[PDB]
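**Q** The chain contents come next:
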Amino acid sequence: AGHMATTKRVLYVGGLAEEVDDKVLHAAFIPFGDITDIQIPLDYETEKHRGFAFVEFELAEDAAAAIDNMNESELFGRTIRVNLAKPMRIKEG
Amino acid sequence: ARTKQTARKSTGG
Amino acid sequence: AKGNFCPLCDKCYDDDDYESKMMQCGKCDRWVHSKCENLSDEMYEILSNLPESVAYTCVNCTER
Ligand SMILES: [Zn+2]
Ligand SMILES: [Zn+2]
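Residue numbers (my numbering), protein chains in the order written: chain A, 1 to 93; chain B, 94 to 106; chain C, 107 to 170.
No lab work stands behind these hints: they were computed from the structure. Each hint should be verified, as a subset may be incorrect.
[What the hints assert, rightly or not] One side of the interface only, derived from the structure: several residues of chain A facing chain C at Cβ under 7 Å:
(1) 10
(2) 35
(3) 41
(4) 42
(5) 43
(6) 44
(7) 54
(8) 58
(9) 62
(10) 81
(11) 87
[Stated by the list, open to error] Residues of chain C placed beyond 12 Å of chain B at every Cβ, according to the derived structure:
(12) 114
(13) 117
(14) 127
(15) 131
(16) 137
(17) 141
(18) 161
(19) 170
[Said to hold, decoys possible] Simulated crosslink set (DSBU-like; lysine-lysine; CA at most 30 Å straight-line):
(20) C:108 / A:48
(21) A:86 / C:108
(22) A:8 / B:97
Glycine is no exception: its CB is placed at the ideal position from the N, C-alpha and C atoms.
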């Protein structure tokens, strides 16, 4: 058992397009509240992003609004995931 | 990633 | 030893310290702190849970 919902100052993004850069996550996530940091770790199989990224808000309540409005929605021509950076896990484990 | 919080062959346990 | 030095701040690291929040670069094998980056201690815990096929990179290791 657990809560029906949760919030945090940081949240996860995945399934984004192959041409997405850290500037896209800012312009895509800014209307829900002010962003303060963004991160994209490097994948060594092809020297590009792993197909996911990270973003951080000025408040935890603004992250819940970014999830409530872009979760499982199209960004660059295909669906992307949006949720807190705690409950999820990569498709590689 | 490679860190000081973890460096095992896998994150499982 | 005293030859250790961070690529982004004047601080350094011990040869046996594992309680400090730090990551290793995937392209030049150099260590880094969380405070000399735009990162935060909450985002550091998820980076630790990512698979080893993905890793952090210096302010230049991401472009060159
Ligand atoms: Zn440092
Ligand atoms: Zn590096």
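**Q** Take the hints in turn and mark each one as holding or not.
**A** Results for each hint:
With a least beta-carbon distance of about 5 Å to chain C, the hint placing residue 10 (chain A) at the interface is held under the 7 Å criterion. The closest approach between the C-beta of residue 35 (chain A) and any C-beta of chain C is roughly 11 Å, which is over the 7 Å cut-off, so the hint fails. For residue 41 (chain A), the interface hint holds, the least distance from its beta-carbon to any beta-carbon of chain C being 5 Å, beneath 7 Å. The beta carbon of residue 42 (chain A) comes within 5 Å of a beta carbon in chain C, closer than 7 Å, and the hint placing it at the interface holds.
Contact between residue 43 (chain A) and chain C, as hinted, is supported at the beta carbon level, the nearest pair being about 5 Å apart and thus within 7 Å. For residue 44 (chain A), the shortest C-beta to C-beta distance to chain C is roughly 6 Å, which falls under 7 Å, so the interface hint holds. Interface hint status for residue 54 (chain A): upheld, as the beta-carbon distance to the closest one in chain C is roughly 6 Å, under 7 Å. Evaluation of the residue 58 (chain A) hint against chain C yields a violated restraint, the C-beta minimum of about 12 Å exceeding 7 Å.
For residue 62 (chain A), the suggested interface contact is broken, since its CB lies about 14 Å from the closest CB of chain C, more than 7 Å. Restraint check, residue 81 (chain A) versus chain C: the minimum CB separation of about 14 Å is more than 7 Å; hint violated. Annotation: residue 87 (chain A) was flagged as interfacial toward chain C, and the flag is violated, the nearest CB pair being 11 Å apart, outside 7 Å. Interface exclusion of residue 114 (chain C) from chain B stands, the closest Cβ pair being 16 Å apart, more than 12 Å.
In this structure residue 117 (chain C) is separated from chain B by more than 12 Å, as the shortest Cβ-Cβ distance comes to about 14 Å. At the 12 Å boundary, the C-beta of residue 127 (chain C) falls inside the reach of chain B, the nearest C-beta of that chain being 7 Å off. With a least beta-carbon separation of about 8 Å from chain B, residue 131 (chain C) fails to lie farther than 12 Å from that chain, contradicting its non-interface assignment. For residue 137 (chain C), the shortest C-beta to C-beta distance to chain B comes to about 8 Å, within the 12 Å cut-off, and the non-interface label is violated.
Its beta-carbon lying about 14 Å from the closest one in chain B, residue 141 (chain C) satisfies the requirement of being farther than 12 Å from that chain. Taking the minimum C-beta to C-beta distance to chain B, about 4 Å, the non-interface status of residue 161 (chain C) is violated against the 12 Å cut. A cut-off of 12 Å between C-beta atoms confirms that residue 170 (chain C) is not in contact with chain B; the least separation is 20 Å. Among the hinted pairs, residue 108 (chain C) with residue 48 (chain A) is inconsistent with the structure: their alpha-carbon atoms are about 34 Å apart, more than 30 Å.
Between residue 86 (chain A) and residue 108 (chain C) the CA atoms are separated by roughly 37 Å; this puts the pair beyond 30 Å, and the hint is violated. With a C-alpha separation of about 24 Å, the suggested pair residue 8 (chain A) and residue 97 (chain B) falls inside the 30 Å cut-off, and the hint holds.
The structure fails to meet hints 2, 8, 9, 10, 11, 14, 15, 16, 18, 20 and 21 from the earlier list, while all remaining hints are met.
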